[PDB]
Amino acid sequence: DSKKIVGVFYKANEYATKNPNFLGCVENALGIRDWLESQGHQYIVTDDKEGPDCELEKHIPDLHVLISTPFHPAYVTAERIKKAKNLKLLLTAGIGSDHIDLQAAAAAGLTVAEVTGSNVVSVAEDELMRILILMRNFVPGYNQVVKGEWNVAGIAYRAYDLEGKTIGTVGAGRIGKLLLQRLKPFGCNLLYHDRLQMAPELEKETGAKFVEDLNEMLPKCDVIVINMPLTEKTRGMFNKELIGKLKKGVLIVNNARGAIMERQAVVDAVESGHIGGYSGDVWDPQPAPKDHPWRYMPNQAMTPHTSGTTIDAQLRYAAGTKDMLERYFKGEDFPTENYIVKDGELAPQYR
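Output the structure for the chain only; the required form is deposited without nicotinamide-adenine-dinucleotide.
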């Protein structure tokens, strides 16, 4: 049976023609249009997703599948679900489904799925990059170039080699483990904290040592890398008190969640110098407002939230979405780890 598939993405405009492999946008649309159309399906793609009169609302009443990404999410409210006569399947071309009312999706008998695990190398690489940027003091150097300056002393006094430094990851899930594997050849003192100790062999291969007590690990670190979920426990954990316990001049890398830090506590400790540098691509709020203080604080090496939307990540997102569409058309189960809701059943982790 012919299906109506709706994809919601932002417009990349000229960027989409400069790079036809930029799949996560309206213009290239996951690179699945030719295939969908060849199979007799309709593929409607739009960025116009907000308001009673938006293009998306024209299609909600009769679409079968709705696809979006956390970069320009089509919010799936109970109100919208109730209007959707044919809707069966919600796909995230990426990871993240916070824009979906999962309980309402479950109540309506829907399936909700995402491309599990497809960003992990991207984020790990990005963390390693930031460790080097902060340790080696790249940003002040770059800023001199642009300003016509040449002041070696002003860079060197806060520039170190990574070799020999103590690096701790707070969390050793998939991303943290990939990070530790990439840090191994740099000759560091690697520490990690997690609910779950890595296997002895993996500790040997990475040289990473398990520190059961997080409060024991933190003060030893030249660099701290945040690699845990945002929870009631981790929310604002990096406050004035905890930051004070860290090594004077500590460097912090955070591609996890912005709110794991107390926003102002970071600003204060960066201004005093207790934190020597802070780098990450996650913010609170996000997108970061024009006046977000982390933009303007000393020694920041921030970027917007893009580490998981490199072209290679996007290709994985598009491929996983195509695979799930094919399986949906053929009545085959998705990979178990991709399901958030399956035919009205919310996975236990999400309850």
The other form holds:
Protein chains: 2
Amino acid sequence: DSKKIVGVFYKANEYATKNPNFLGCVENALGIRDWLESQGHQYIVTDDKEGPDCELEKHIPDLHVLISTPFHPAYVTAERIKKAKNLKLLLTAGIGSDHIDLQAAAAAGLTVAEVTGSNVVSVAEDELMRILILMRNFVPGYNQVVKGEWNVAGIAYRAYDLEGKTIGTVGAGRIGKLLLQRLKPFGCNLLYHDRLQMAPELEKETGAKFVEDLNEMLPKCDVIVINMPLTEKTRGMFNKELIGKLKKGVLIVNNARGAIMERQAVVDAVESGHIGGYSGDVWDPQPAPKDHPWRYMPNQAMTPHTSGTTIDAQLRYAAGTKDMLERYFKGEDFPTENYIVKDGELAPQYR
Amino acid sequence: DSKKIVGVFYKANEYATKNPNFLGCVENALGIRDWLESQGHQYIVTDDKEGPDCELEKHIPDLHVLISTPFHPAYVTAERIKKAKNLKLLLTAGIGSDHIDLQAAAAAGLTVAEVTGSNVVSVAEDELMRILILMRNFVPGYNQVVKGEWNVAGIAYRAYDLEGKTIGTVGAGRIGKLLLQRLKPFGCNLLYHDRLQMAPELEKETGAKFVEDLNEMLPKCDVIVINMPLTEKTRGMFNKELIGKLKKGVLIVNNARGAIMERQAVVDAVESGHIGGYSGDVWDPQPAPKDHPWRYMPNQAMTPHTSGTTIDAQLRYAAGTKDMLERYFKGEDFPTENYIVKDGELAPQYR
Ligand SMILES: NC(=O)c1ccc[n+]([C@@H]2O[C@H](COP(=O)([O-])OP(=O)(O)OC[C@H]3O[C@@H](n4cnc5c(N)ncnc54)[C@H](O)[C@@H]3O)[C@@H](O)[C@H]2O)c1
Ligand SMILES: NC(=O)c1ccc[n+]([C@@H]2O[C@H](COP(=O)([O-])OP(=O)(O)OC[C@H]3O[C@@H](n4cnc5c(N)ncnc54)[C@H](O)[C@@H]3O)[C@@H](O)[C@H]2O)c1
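Structure of the form solved in complex with nicotinamide-adenine-dinucleotide, please, following the form deposited without nicotinamide-adenine-dinucleotide?
Expanding to the full complex; the earlier chain stays at the top.
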């Protein structure tokens, strides 16, 4: 009954011990090493995930379970899945399992699951933060401060209050709903697009108006927020043509997945001023290389992939990961909303 | 009965024309020049405000009305008031009139008024954006992006969700109340201190609790927000001893006035880790010199003085300044809430 379990996390070095609940890094490995080893399982943890000769690849031929995390994602390709002779279970410590080839996982009969709900508040907070950072023009003020400069006009000419502006969320699942709730008291005109309409009473509490056809919402928005998974349909959806339909000077927030946008289409439209500003924590690929052009374009307010891995989020997704492992050892089903691929079927929000 | 009117604003140069509503700079000067010249008055506008030899000091001897603005503040000292033989009226385009020597103004019988309520939503927004930026640790992420780095752990060890944290506002007048209303859906433990308690219905809607004694509220707070005027009592109030009563690792937001804090006492407690981070738009003095130490201390999330001068704020304070000039010319009283010094008496919020 003893299994080989591999975890792939970001490496913390001297940061590992600066908070007692820092469960998300390599060194602390979700807090589950002792619990796993006491049951006779082998637990191997690494950040070394790229290429033929990395530590992860050493263990791909015989691991049983692979625990990944979106902030430092192991890319589980069709070729890796074919090499993986004993693999049965792919767990995501966090939310969003698109770093796996989900079609090849379904074709191989693998189970893919994630900790649904675990960091959705955290991302909704970070999104509202970035809307404010772009609208109110925080980044150019910070840059003046560190360079020893002082020029209020260089900031004020394009700074605005959020009050009275039109904000559209593209996707209204768990995160989009939590965002709409936090935006209610700012006094904005809220719109949303999804394949699924929110309940009548949630529309009434938030004041948010359903727009069934995405192309009708886009031109109306001063602010657009991305809030869908990375799926075969959403991949590359914000291309040259779709971005042309946005209001001139639109501010875009994207803490969903970087690859929902076409990389170069965003760069070109930022340089022309057609996108007024772009802010998010997600990139294609991750880690983002040193030369990734989103780092250097005008008006950018980016960070690395951090919003779903606050300390409070880490505690919840480590706990959910442990619960699923415990269920797995006992042959019990996970909560239904956790499955992304089960019995060869993809979950509806990814179809 | 035609008057010399002087305006002191920040200079925009090429930025002036980038927005048709950019009324807060020298070049557009609240949009009132034609209006004032058509009535036979003279309107001298300048940003040059420092020392014996600046353009402002040339007009001090014979001006009738001086319009100042907090973002680029003319320091109207006792020595200046004495030299000002014709001066009758000091108007603040924005909110907070502490850049005037208010005791010398009272002594000389000068009227001091400002545009109450004009940018209070704007600052409430900017405060909440800063709580998020400090709590969720945005600034180190931005810094890594522009330097070409990628290290998630270096940000995540210190990042938390705002949900469930304790936040205290020191002051609950116009801005403090608007902040509390916007914090409500984040699910925090909200406390406030003021000399005046809020209406019970407002306490209930926001969920904020009155703490009558300031010293009792302070050690309880993860986040402290400064929300009072700069007055004889608030000036230097956050000194070595008062900062010591704060929780270790406290995050502080101050978009009120810089001099409410002792400058070096903030530097020391930030260097020690007693203050975990400090964020605001306001400084002593302004413009802040190149070597001001708040620009360079650990964890700082500063900007120049911007939050009360968004485009939407400028439209409101330009209109309120124009309205008080019209009343002035007709011998009519300003709205009661606009007066800071009238008949040699300070307004109650400054006492
Ligand atoms: N930055 C972070 O740290 C972080 C953390 C968590 C999640 N995320 C990303 O955000 C995503 C959303 O999270 P959630 O909890 O809100 O997910 P959710 O499943 O609850 O909501 C997704 C929504 O997308 C809609 N949708 C799917 N395909 C669509 C399409 N083609 N057109 C229109 N609507 C479509 C679905 O109907 C659903 O309401 C995750 O999949 C993940 O990729 C990022
Ligand atoms: N950063 C900006 O752009 C910007 C913009 C507007 C205002 N401000 C600053 O914010 C201040 C507050 O603005 P407002 O509209 O909320 O003012 P307000 O008059 O409505 O509120 C001031 C509050 O301070 C309280 N107070 C005064 N002295 C006190 C003391 N010693 N102890 C406890 N409470 C005390 C009063 O009871 C009052 O409720 C302004 O005076 C200004 O200096 C900054």
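Residues that one form lacks are left out of the comparison. Positions refer to the first chain, counted from 1. Rigid core here is just the name for the largest C-alpha set that superposes within 1.5 Å across the two forms.
Panel note: of 311, 79, 72, 57, the residue at the hinge between moving rigid parts between the two forms is 311; all others are over 12 positions away. With both rigid parts superposed separately on C-alpha atoms, the smaller turns by 20° against the larger between the two forms. Look at residue 26: with the core superposed, its C-alpha moves 4.5 Å between the two forms. A C-alpha shift of 2.8 Å is found for residue 115 between the two forms, based on superposition of the rigid core.
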